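Next come the chains, spelled out residue by residue.
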Amino acid sequence: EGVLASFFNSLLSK
Amino acid sequence: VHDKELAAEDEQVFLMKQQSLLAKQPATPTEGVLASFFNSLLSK
Amino acid sequence: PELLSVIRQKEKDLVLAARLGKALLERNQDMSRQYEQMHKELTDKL
Amino acid sequence: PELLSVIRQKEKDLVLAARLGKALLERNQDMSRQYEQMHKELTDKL
Amino acid sequence: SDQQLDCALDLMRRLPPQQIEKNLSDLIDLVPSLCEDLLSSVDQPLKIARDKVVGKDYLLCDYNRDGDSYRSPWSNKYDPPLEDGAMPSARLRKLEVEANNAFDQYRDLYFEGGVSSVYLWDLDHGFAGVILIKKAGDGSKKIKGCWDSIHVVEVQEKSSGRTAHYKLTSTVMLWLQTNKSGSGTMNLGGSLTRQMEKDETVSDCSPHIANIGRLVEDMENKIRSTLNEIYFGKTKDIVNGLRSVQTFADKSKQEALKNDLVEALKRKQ
Amino acid sequence: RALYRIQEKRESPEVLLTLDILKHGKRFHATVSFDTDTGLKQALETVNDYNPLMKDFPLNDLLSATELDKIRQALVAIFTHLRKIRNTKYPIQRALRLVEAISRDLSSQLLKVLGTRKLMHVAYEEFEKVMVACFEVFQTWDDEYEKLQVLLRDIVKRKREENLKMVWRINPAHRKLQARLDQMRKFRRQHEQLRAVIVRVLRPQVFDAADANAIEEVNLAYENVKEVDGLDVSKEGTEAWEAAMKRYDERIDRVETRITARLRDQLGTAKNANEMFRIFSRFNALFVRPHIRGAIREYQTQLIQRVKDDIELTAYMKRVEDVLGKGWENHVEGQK
Numbered sequence: 426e427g428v429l430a431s432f433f434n435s436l437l438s439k
Numbered sequence: 349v350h351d352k353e354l355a356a357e358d359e360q361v362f363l364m365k366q367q368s369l370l371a372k373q374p375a376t377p378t426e427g428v429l430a431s432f433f434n435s436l437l438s439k
Numbered sequence: 100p101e102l103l104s105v106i107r108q109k110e111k112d113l114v115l116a117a118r119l120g121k122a123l124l125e126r127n128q129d130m131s132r133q134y135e136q137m138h139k140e141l142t143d144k145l
Numbered sequence: 100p101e102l103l104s105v106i107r108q109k110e111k112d113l114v115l116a117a118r119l120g121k122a123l124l125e126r127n128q129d130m131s132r133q134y135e136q137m138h139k140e141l142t143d144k145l
Numbered sequence: 002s003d004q005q006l007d008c009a010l011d012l013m014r015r016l017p018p019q020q021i022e023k024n025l026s027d028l029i030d031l032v033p034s035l036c037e038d039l040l041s042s043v044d045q046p047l048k049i050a051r052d053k054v055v056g057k058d059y060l061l062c063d064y065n066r067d068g069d070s071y072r073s074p075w076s077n078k079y080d081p082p083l084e085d086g087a088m089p090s091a092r093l094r095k096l097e098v099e100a101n102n103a104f105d106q107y108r109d110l111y112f113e114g115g116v117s118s119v120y121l122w123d124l125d126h127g128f129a130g131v132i133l134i135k136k137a138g139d140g141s142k143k144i145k146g147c148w149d150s151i152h153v154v155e156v157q158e159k160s161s162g163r164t165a166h167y168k169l170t171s172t173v174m175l176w177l178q179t180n181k182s183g184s185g186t187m188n189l190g191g192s193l194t195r196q197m198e199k200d201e202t203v204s205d206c207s208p209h210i211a212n213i214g215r216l217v218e219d220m221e222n223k224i225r226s227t228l229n230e231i232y233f234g235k236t237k238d239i240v241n242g243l244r245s246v247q248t249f250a251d252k253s254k255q256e257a258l259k260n261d262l263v264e265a266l267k268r269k270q
Numbered sequence: 283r284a285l286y287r288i289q290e291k292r293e294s295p296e297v298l299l300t301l302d303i304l305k306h307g308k309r310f311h312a313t314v315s316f317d318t319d320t321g322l323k324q325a326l327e328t329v330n331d332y333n334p335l336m337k338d339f340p341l342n343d344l345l346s347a348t349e350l351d352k353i354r355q356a357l358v359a360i361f362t363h364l365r366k367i368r369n370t371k372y373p374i375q376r377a378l379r380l381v382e383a384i385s386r387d388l389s390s391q392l393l394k395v396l397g398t399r400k401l402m403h404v405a406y407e408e409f410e411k412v413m414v415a416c417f418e419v420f421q422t423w424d425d426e427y428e429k430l431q432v433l434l435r436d437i438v439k440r441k442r443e444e445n446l447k448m449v450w451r452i453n454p455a456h457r458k459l460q461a462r463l464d465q466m467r468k469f470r471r472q473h474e475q476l477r478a479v480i481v482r483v484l485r486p487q488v512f513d514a515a516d517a518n519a520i521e522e523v524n525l526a527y528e529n530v531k532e533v534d535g536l537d538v539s540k541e542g543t544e545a546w547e548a549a550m551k552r553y554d555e556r557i558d559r560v561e562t563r564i565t566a567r568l569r570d571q572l573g574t575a576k577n578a579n580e581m582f583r584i585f586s587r588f589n590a591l592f593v594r595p596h597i598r599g600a601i602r603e604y605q606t607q608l609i610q611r612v613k614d615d616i617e658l659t660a661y662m663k664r665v666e667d668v669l670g671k672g673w674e675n676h677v678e679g680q681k
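Residue numbers (the authors' numbering), protein chains in the order written: chain r, 426 to 439; chain j, 349 to 378, 426 to 439; chain X, 100 to 145; chain x, 100 to 145; chain L, 2 to 270; chain n, 283 to 488, 512 to 617, 658 to 681.
Hints were generated in silico from the structure; no laboratory data involved.
Hints are not guaranteed to be accurate.
[To be verified] Restricting the straight-line Cα-Cα distance to at most 20 Å, the calculated cross-link-like pairs of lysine to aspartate or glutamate (EDC-like) are:
no.: 1; chain 1: n; residue 1: 439; chain 2: L; residue 2: 67
no.: 2; chain 1: L; residue 1: 168; chain 2: r; residue 2: 426
no.: 3; chain 1: x; residue 1: 121; chain 2: X; residue 2: 125
no.: 4; chain 1: X; residue 1: 121; chain 2: r; residue 2: 426
no.: 5; chain 1: X; residue 1: 111; chain 2: L; residue 2: 67
no.: 6; chain 1: n; residue 1: 551; chain 2: n; residue 2: 561
[Stated by the list, open to error] So the derived list for chain X, only partly shown, Cβ under 10 Å to chain L, looks like this:
no.: 7; residue: 122
no.: 8; residue: 130
no.: 9; residue: 133
no.: 10; residue: 135
no.: 11; residue: 142
We treat Cβ as the ideally placed atom computed from N, Cα and C, and that holds for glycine.
So that you can see chain r by itself, here it is in the shape it has in the complex:
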């Protein structure tokens, strides 16, 4: 789920 986590990580930071 690393690709999924990174997309969420961009959203969480912004």
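Dock chains j, X, x, L and n against the given chain r, drawing on the hints supplied.
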């Protein structure tokens, strides 16, 4: 609401029933809501 | 302008989130079915 | 004026979808954990 | 325009399969908005490319593509040199080259020629891959045709490391043409898609590639049998229903005798 | 050093002659295994790939450093050398554990250096200087760590993405010392805020026993805190430090409660606003400590509002100032 009267069957009829099931026994060897949000975003 | 690029980026994020959520839901259902089926088989083996 | 409004609505929808996806990820993680523990003990006794 | 997407998909499924590429390119000029989406859904015959470093034929797909470049499976380099690219991995690359050798052997045994290409990529707690096979009919004999097969496999590795779950989806695009004295000209196109799931014990004796190859060959044999028997004998039946070799008077007499037989059987029950 | 020695021994005439003889008799299994099965080539390639990092690893300067400036310089040099990890193959987890080891050595060096300073036998300004240097060192650690962290994210973005393992957060051993030093700084800042102005509070306006007893109790609490080794980061030293801090809090609370009894006696004595402001002026340290202000909140409604009722100039602004302490414009009520 008064509870239904549960009762065990008679010993005679119970044993006849068990014999009948023994005879009939062959001798064996020994979510959508979450999806709805996802569907809407794809359409937009 | 920049706010139009914000619109476009947010749209990409929305569609990506929807696709990943659908994939996650289907994968969760599939893995639950796999778990219960294999558990039945392994209990029979035991 | 209407642009910022639609950023607000799309942000609401996006955060809702992201929270749903994170909940699905948590459910998948729980399925993985319980699968690990179950498989471990059952294969141990097997 | 999802309704227009379904329209385009149905129309493309209806058109002849030999002109799939040209007609798809033409249709892209009509409603370009869904074109890439159409290219994600519509299945197309594969393209061959020359890896010059090793001197090999490799198949171009959408999974090895990175922008406007295609990654070779042997050289591990893009045909257009890309300063930045997505290599699969270190371990998955050895899995990829092992799969390439194994499926070269399988292709040689089952097809005796053609080209093959296995491209792997990582996946959520697992890995997915695509096995592409192409085989153009040789021109020595009057039979001329083509076989394309795309098998996308998803491997979910269980946490124990001994068990894994494989999900295989295979598409086969077949085309045959024969020019014989009696038949004159026959041109049998076709396409067929199938799917199946399984779970297998990963081990040194039974590694991942063995399981994927077993599933792929089982699916290929099943698709070949179904195409040869059901989907071609139905066409044979249709051609036999469009015209009768035997005269209809004789057929009527035989059917009258059959009616006598079935009524006699029904009477005696 | 041993791999190169083995490589030299492999090229010796005797070993090569043995291999040639075995090759002559078609015993190719031994020769091919010796070429490959040993793993000597892979080990040499890896150890040479590791060579740039181990070649000029500057910890000798840090282990030999005895001053805070030299320790900061050595740390900066260590991270400048770790900048050369981009062109050296090394596991990310192993490099992270190496950074943890560097943190352990930094903690040991700081503990040894600050132990020799003899903080008890020196004043407070030098203490502030020493802690400023120590926290400058900690900030240098933090920002050089941040540089190395972004570099490690760039590195791991290439090659394997390491999808199996994403646990990489560091547990520095020195941060446990940094927290202890921060607690000591806070304690001594409060202690100085007491000491530097309570003598002025008790100073008669130009000798009673209550003043001597209170100052003696404050100094006794300071000595009780000081007897416990504050730099001892281990468990027993930490518990002793907590006990000393609790005893200091108890003694200061007792002294402050006695001063609060004096505060009640102020209203017991004064009747008008002028005597209230006079006895407020006699007590300056009581405005800042966040325990006496509650008593001030009991008197503010009696005084400040009354002063406002008197206003609705410079003398009256002095009257307002005397209730809110020095820099009376900072308070939320002093803004108006």
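Tell me the hint numbers this structure goes against, listed in increasing order.
The structure breaks hints 10 and 11; every other hint is satisfied.
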